[PDB]
Amino acid sequence: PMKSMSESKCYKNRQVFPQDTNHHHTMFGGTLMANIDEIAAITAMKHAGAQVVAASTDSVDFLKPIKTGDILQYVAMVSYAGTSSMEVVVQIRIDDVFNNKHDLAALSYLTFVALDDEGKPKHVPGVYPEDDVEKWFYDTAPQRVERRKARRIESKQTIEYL
Amino acid sequence: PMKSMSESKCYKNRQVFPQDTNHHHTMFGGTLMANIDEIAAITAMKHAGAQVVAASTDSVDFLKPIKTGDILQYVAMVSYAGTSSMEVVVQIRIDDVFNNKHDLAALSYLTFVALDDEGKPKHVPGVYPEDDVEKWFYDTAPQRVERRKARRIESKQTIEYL
Amino acid sequence: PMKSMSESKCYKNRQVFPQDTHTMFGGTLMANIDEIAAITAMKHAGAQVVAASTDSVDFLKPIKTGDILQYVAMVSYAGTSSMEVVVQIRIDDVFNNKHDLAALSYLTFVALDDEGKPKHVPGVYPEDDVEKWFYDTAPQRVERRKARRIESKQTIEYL
Amino acid sequence: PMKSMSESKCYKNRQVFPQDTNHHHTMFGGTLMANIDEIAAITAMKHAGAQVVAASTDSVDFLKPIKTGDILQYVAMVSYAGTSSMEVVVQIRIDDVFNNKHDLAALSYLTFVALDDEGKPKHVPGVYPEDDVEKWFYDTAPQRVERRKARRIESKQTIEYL
Amino acid sequence: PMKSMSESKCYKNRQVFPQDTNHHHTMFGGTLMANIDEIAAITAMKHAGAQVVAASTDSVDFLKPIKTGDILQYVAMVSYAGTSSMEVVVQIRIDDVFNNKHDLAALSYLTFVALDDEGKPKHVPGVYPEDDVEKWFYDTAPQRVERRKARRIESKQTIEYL
Amino acid sequence: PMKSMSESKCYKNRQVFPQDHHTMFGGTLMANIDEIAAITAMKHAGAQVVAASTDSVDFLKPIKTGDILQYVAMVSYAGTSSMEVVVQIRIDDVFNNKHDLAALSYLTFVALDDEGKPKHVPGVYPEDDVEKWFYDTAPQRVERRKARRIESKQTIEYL
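Residue numbers (the entry's author numbering), protein chains in the order written: chain A, 7 to 168; chain C, 7 to 168; chain E, 7 to 27, 31 to 168; chain B, 7 to 168; chain F, 7 to 168; chain D, 7 to 26, 30 to 168.
Incorrect hints may have been included.
Stated by the list, open to error - Reference listing, derived: stretches of chain E covered by chain B, where coverage requires no fewer than 3 residues with Cβ under 8 Å from a Cβ of chain B: (1) 11-20; (2) 40-49; (3) 59-69.
Said to hold, decoys possible - Beyond 10 Å from chain F on every Cβ pair, some chain C residues (computed): (4) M8; (5) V22; (6) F23; (7) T74; (8) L121; (9) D122; (10) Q163; (11) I165.
What the hints contain is simulated information worked out from the structure, not anything from laboratory work.
Note that beta-carbon positions come from the ideal geometry of N, C-alpha and C, so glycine has one too.
With the hints as extra help, turn the sequences into a complete structure.
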């Protein structure tokens with residue numbers, strides 16, 4: 007079974023308010039990350055057709071500053087599907103509604119694991135791209151997914167050490 | 007100029023409440039990340055002696071599930087100091103308070119840039135470990151820092167592509 | 007100048023939890042409705058907007074803890090400076106891929122120039138049969154809107 | 007069995023804080039609607055002496071902008087009591103304490119249904135006005151109510167079509 | 007110049023939500039204290055007819071537990087007025103709205119100072135009771151007020167020592 | 007059985023932001042005070058705890074936006090089942106590495122068993138010159154607390 011990256015794509019438009027920003031008109035990194043986590047989890051469930059858990063936030067790159075009164079569009083897709091696990095890619099765009107352009111302000115990758123009711127890993131469908139943006143994330147996923155497994159084993163050492 | 011990892015170490019004790027969990031009694035990943043972001047930024051400022059910006063969240067590994075009513079301890083330290091940049095390591099512990107135990111539930115690494123009154127990169131002091139845990143993060147930090155730089159190469163290639 | 011109902015269409019997916027309740034509390038739903046409708050109206054007007062009124066929120070099916078919500082907002086009517094936004098709130102069944110309409114809301118926004126004055130907005134046109142259903146039923150709702158702000162007019166006068 | 011509009015009257019003074027406003031320092035239509043819904047539900051419970059559920063928000067009219075640091079006074083009353091259903095009216099006042107004035111900033115009408123311990127519609131006492139303002143909302147209620155029942159017919163036609 | 011205790015009396019009905027309670031379904035002391043502080047300031051502004059600042063929360067006594075879904079009624083009054091300062095008393099009641107009983111669940115006393123538009127202390131009117139509840143708090147204020155002036159001497163000793 | 011004031015000492019660093030004339034809202038400060046103190050009391054008692062009272066919160070220096078706050082909570086007194094927790098709220102100047110005491114609070118917690126009845130707690134002892142200042146002065150605050158609990162129950166009696 008295969009699902010396109012589009013089938014489980016989730017959208018979220020949100021505006022940046024003063025309670026969401028810092029001391030320099032600039033969005034709290036923590037607030038961006040919470041929203042990222044929220045949209046990615048739903049995208050992961052839709053795709054898996056099962057409850058999911060976050061194994062890890064593999065990265066969040068802050069690329070362009072986000073200020074109060076800015077309009078955000080979050081886009082989430084499954085970019086890699088292993089046995090029970092998926093990489094979700096989230097794009098966070100600054101949406102200019104007065105000259106109708108979009109700039110990529112942050113980029114994030116997350117790893118979710120699907121669970122049955124047992125609490126055990128559930129097989130998930132595979133995923134496939136349909137346009138080239140989807141293909142870009144799809145093609146680059148395998149080098150990211152192995153680095154994820156490598157850094158979780160150096161994370162294995164660290165817990166053992168402590 | 008040099009600072010110990012301890013000089014700028016920040017602590018945060020917080021309890022896990024219903025408002026913070028999902029309907030499986032498990033802590034929202036986004037909430038953990040907002041708190042991680044908050045504690046790490048303060049640690050980064052203390053150390054830099056200047057305002058700072060988040061360049062990136064390099065990873066969050068969720069290692070043990072966190073449930074409602076659990077007591078958390080966040081510990082943040084600067085584990086690497088470059089020219090203008092800091093890696094902050096944040097440890098999130100589940101604190102067993104009548105068996106006085108601590109289990110490592112999540113581990114995160116973040117990157118900050120110090121800024122002058124203008125908004126341009128500012129020199130930061132170097133950092134040094136004093137105990138063997140501090141030395142562990144310090145010693146393993148350089149292998150992590152190159153991966154950080156290699157992988158934002160992928161992010162601009164990705165921005166370029168889009 | 008015209009925009010389709012799709013051009014300014016905004017989406018929001020949300021899961022329902024306890025801080026959100031096993032019936033979802035209305036206040037939470039109404040904050041999310043207002044948030045999504047305003048962004049759709051800005052996108053359409055290409056200008057700052059203000060909420061003139063919430064014309065209705067209909068609670069049709071209860072929303073329970075752990076339900077997954079999908080909000081869809083569209084401009085269903087554009088007069089001179091004012092837009093009607095319709096928000097559909099769906100209970101999104103993701104393991105059997107069903108959708109049930111749980112709540113329905115209609116709001117009225119006015120576009121503003123930099124002054125603080127009403128700004129002309131482009132028109133709107135439907136492209137599919139759902140968009141047409143809301144587009145076609147909008148005109149009775151819109152004067153019912155101005156009809157009750159004349160009744161709102163008497164009320165403030167009296168008080 | 008009958009109750010005056012005053013018997014179930016609820017009050018709420020609240021100040022408007024940044025957490026409640028957008029970047030024009032203007033109160034969120036959504037926050038206001040949550041507060042209206044909260045005060046109306048309690049007034050509806052008091053009148054019916056039963057748990058209640060919201061069938062609808064019949065209207066909210068935004069009449070004067072509400073700004074940060076403004077002091078609000080909410081007043082909720084039952085303006086109509088049918089068999090199992092109640093109309094609640096909420097007046098939202100900007101409360102000026104330096105000259106002791108009140109200006110009407112928003113007006114809302116909501117519809118609640120009283121429920122059995124089973125969850126089936128429960129009979130409510132009737133309601134009666136005692137002054138000229140209460141009589142004004144009372145005399146104007148039946149027209150709003152007939153519109154309410156009409157608007158749920160169009161709500162079902164919409165559902166059928168979808 | 008004098009005001010009765012009733013002139014500046016503020017009311018607030020609020021229901022207790024999950025967001026307000028802990029993992030034992032029990033209201034956050036911090037939330038109650040925030041709500042207490044909010045209503046008292048307004049009562050203080052009303053009495054003084056000027057901006058106010060909180061000098062202290064003189065005590066909050068938790069007398070009966072407050073749970074999720076409970077309905078609270080807060081009542082705030084000026085119980086004492088010195089030259090520039092006011093004591094506000096807040097009663098927090100659990101409101102049984104189907105048997106119309108009230109239990110006093112918490113009791114708090116706060117002290118505000120009225121300020122002029124510059125930011126210096128402003129004189130406030132005197133205060134007087136009209137019923138037996140109002141006279142109860144008025145008559146017992148002198149000991150609370152002396153408890154208050156003593157405790158800011160000890161607060162100064164503490165600062166000097168630190 | 008005894009624990010030092012340090013064994014259960016808790017820390018919390020926070021910055022003062024929008025959601026928080031920008032002069033920090035007392036309610037935000039008091040919410041944070043209550044949270045940090047309850048955790049210190051559990052740590053000390055090694056048991057679930059309830060807040061009996063907030064004995065005082067003194068606002069000593071205004072806290073304005075961009076201040077960095079450091080909260081420190083300690084057990085300053087331990088009776089049979091009850092604890093006084095002292096919370097220090099500091100304005101932490103981080104580029105001059107100095108500290109100002111902005112607010113000071115004392116709270117009273119009672120320890121509870123799984124039954125829900127008062128649980129005995131270990132005693133407390135100071136180790137440094139600051140800990141001894143709070144320790145030595147606690148009994149007069151503590152008696153002032155036991156008197157105010159009577160006046161509060163009597164108040165209930167009267168109403």
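Consistency of the hints with the structure:
1. 11-20: violated (count 0)
2. 40-49: With 6 residues closer than 8 Å to chain B, the segment 40-49 of chain E meets the three-residue bar; holds.
3. 59-69: Coverage by chain B holds for the segment 59-69 of chain E (11 residues, Cβ < 8 Å).
4. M8: holds, 29 Å
5. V22: violated, 8 Å
6. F23: violated, 6 Å
7. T74: violated, 5 Å
8. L121: holds, 32 Å
9. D122: Non-interface label stands for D122 (chain C): nearest chain F Cβ at 32 Å, farther than 10 Å.
10. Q163: holds, 43 Å
11. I165: holds, 38 Å
In the structure shown, a violation is registered for the earlier hints numbered 1, 5, 6 and 7, in ascending order.
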